[PDB]
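Just one chain follows, in the form deposited in one PDB entry, and it is written as structure tokens.
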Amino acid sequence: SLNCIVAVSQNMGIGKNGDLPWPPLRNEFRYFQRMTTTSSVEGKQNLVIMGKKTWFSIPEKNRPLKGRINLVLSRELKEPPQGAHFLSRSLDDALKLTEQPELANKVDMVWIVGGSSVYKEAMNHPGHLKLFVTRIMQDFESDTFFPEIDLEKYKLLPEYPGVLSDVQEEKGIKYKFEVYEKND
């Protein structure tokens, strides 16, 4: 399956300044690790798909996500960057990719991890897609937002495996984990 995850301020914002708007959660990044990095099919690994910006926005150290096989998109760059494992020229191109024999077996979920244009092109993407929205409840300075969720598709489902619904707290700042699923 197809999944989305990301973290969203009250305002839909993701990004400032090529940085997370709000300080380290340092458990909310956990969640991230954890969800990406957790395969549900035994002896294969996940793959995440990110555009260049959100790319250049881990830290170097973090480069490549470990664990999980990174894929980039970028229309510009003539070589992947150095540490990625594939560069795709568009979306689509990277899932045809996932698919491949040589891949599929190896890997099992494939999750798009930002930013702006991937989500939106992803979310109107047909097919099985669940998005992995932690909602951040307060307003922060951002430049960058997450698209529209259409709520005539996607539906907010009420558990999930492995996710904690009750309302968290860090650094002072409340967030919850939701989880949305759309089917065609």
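Positions refer to the first chain, counted from 1. By rigid core we mean the largest C-alpha set that fits within 1.5 Å across both forms. First, how it differs from the form deposited in another entry.
Only one entry in 137, 157, 151, 41 has its C-alpha moved by 2 angstroms or more between the two forms when the rigid core is superposed, and that entry is 41. Core-superposed comparison between the two forms: the Cα of residue 99 travels 2 Å or more.
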Second form
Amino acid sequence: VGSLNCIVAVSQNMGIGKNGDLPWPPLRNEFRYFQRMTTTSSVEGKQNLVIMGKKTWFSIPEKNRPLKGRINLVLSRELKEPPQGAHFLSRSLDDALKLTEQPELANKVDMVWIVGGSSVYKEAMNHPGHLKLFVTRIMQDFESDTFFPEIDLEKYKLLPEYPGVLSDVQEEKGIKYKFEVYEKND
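Switch over from the form deposited in one PDB entry to the form deposited in another entry, please.
Here you get just the chain by itself.
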């Protein structure tokens, strides 16, 4: 795997979760952006892979699991087999990426997307080589119990724009937010 993508939405106080759900009310177009970015592949015969922690898996509504049109891989040190509805299970991020080149998946995966939680983001963001971070900045404070790790500008550049990503401030349900893309190459 020559590149990884992370995607996250974060409040001004760096919050990503509260009580097993999001800290803010549902933002429909923001969710549609997460869906569009994690699902879209123009490579015939392949699908994207989403990698997530166990708590993040159980935070997805049951009727929406597995995330449609994507190969769903959960990370856990405890489980014997993937949680019901998931496609694959790995004991670490390293193992997950290695699984993509075994026969079952060799001819099958396009882009890899890391979708949380905190521990999964931290490790991915230090992983060697090319990595993009798609960060939605929710422009308000929200009470939270789960937080996004700091972005090290020694390694990451904020890109001025990005094809297919809106540049202007967005608003839904009276809450302002903006889409950012960060990149590192080494």
